[PDB]
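For reference, the chains in residue letters:
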Amino acid sequence: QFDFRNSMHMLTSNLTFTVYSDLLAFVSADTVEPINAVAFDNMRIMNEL
Amino acid sequence: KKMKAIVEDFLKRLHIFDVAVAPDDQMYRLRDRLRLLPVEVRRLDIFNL
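Protein sequence lines correspond, in order, to chains r and q. According to the authors' numbering, the stretch in the first sequence is residues 832 to 880, in order. According to the authors' numbering, the stretch in the second sequence is residues 636 to 684, in order.
What the hints contain is simulated information worked out from the structure, not anything from laboratory work. Ideal Cβ placement from N, Cα and C applies to all residues, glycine included. One thing to keep in mind: the hints can contain errors.
To be verified - SDA-like mimics (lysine to any residue), calculated; alpha carbons at most 25 Å apart, straight line:
# : chain 1 : residue 1 : chain 2 : residue 2
1 : q       : 639       : r       : 846
2 : q       : 636       : q       : 663
3 : q       : 639       : r       : 868
Stated by the list, open to error - Among the chain r residues that face chain q by a calculated CB cut under 10 Å, a handful are:
# : residue
4 : 863
5 : 876
6 : 879
Unchecked claim - Some residues of chain r that are not near chain q, with every Cβ distance over 10 Å (derived):
#  : residue
7  : 833
8  : 836
9  : 838
10 : 846
11 : 861
12 : 867
13 : 870
14 : 880
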């Protein structure tokens, strides 16, 4: 039988927001000049010049 | 400073080679060999001044 006092219910949710999935458009990474690149030991990547 | 240019100038000024043949690797090895020799007195004092 259809009962109204128990079928009624209240929902809970957030007001509003936006969905973000990319998570990479918010970061910028500009490389250093290719000549002056160093390694773990703080020595330049190519030490011949 | 890419130091192969100086070695190329030296080899060309010797006036017997063509820099179109000898590659860069031998130029760099020659540079490393050449660094050891102490320089002439006049040029050393010119650089010091």
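Worksheet entry | Straight-line alpha-carbon gap residue 639 of chain q to residue 846 of chain r, limit 25 Å | 66 Å, violated
Worksheet entry | Non-interface label on residue 861 of chain r, tested against every C-beta of chain q at 10 Å | 24 Å, holds
Discussion item. Please check whether residue 863 of chain r passes as an interface residue: C-beta within 10 Å of a C-beta belonging to chain q.
Written reply: 18 Å, violated
Practice prompt. Would you assess whether residue 867 of chain r, listed as outside the interface, keeps its beta-carbon beyond 10 Å of every beta-carbon in chain q?
Written response: The claim holds: residue 867 of chain r sits with its nearest Cβ about 12 Å from chain q, beyond 10 Å.
Practice prompt. Take a quick look at whether residue 636 of chain q and residue 663 of chain q sit within 25 Å of each other, Cα to Cα.
Written response: 13 Å, holds
Worksheet entry | Separation of residue 838 of chain r from chain q, once the least beta-carbon distance is taken, above 10 Å | Answer for residue 838 of chain r: holds, closest chain q Cβ roughly 81 Å.
Fill in: 10 Å Cβ clearance of residue 880 of chain r from chain q
About 5 Å separates residue 880 of chain r from the closest Cβ of chain q, which leaves it inside 10 Å; violated.
Discussion item. Please verify that the nearest CB of chain q lies beyond 10 Å from residue 833 of chain r's CB.
Written reply: 87 Å, holds
Practice prompt. Go through the hint on residue 876 of chain r and say holds or violated, using the shortest Cβ distance to chain q against 10 Å.
Written response: 15 Å, violated
Item to complete: Run the C-beta distances from residue 870 of chain r to all of chain q and say if the shortest one exceeds 10 Å.
Response: The assertion about residue 870 of chain r holds, with a minimum of 19 Å to chain q.
Discussion item. Holds or violated: the hint that residue 879 of chain r contacts chain q, with Cβ atoms closer than 10 Å.
Written reply: 6 Å, holds
Fill in: residue 836 of chain r non-interfacial with respect to chain q [C-beta, more than 10 Å]
The claim holds: residue 836 of chain r sits with its nearest Cβ about 86 Å from chain q, beyond 10 Å.
The earlier numbered hints that this structure contradicts are 1, 4, 5 and 14.
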